Amino acid sequence: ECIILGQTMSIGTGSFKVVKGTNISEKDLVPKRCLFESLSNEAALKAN
Amino acid sequence: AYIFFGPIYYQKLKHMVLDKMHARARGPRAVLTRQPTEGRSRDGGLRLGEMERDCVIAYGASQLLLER
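Chains as they are written, first to last, in the entry's author numbering: chain A, 1413 to 1460; chain B, 1015 to 1082.
Just so you know, the hints here were simulated from the structure itself, not pulled from any lab data.
Simulated DEER-style distance windows between Cβ atoms:
(1) B:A1044 x A:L1441: 48 to 58 Å
(2) B:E1066 x A:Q1419: 15 to 25 Å
(3) B:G1063 x A:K1439: 56 to 66 Å
(4) A:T1425 x B:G1020: 50 to 60 Å
All residues carry an ideal CB built from backbone N, CA and C; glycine is no exception.
Please put together the full structure from these sequences, using the hints given.
Pasting the structure below:
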C-alpha cells in the first residue's frame, strides 16, 4: 500500500534517512545585542 | 578431430527480427511499432507485471519502485 499511494517502502533502501550536516557552531548562533534593553527595563521600576 | 559433414534440408520460418523490434519512448502510439500480426499471442508486451514487482522487493531497491 506504498506502491499504490506512491510512497517509499519502509524496507530495503528506505529503512533509514540521510541528512546533511550544517557544520555550524554555537558561536554564530548568538543573540547579538547592543543597547537594546540596557536601560528600557531600568527606567520602568523607579518608585512605581 | 574428424568432423561430420554433409547436406541437410533446412527451412526458413516466420518470426523475423524486422517485425518484432518494438520500443517506446513516451506517450501513446509507440515509435517503434511492430507489424500487427499477433493471433492469440499476447505475451504481456511493454508492461511491468506483479511477478516483476516481486523481484525488485527482494533486492530492496526502494527508489526504483517509484521511478518505474
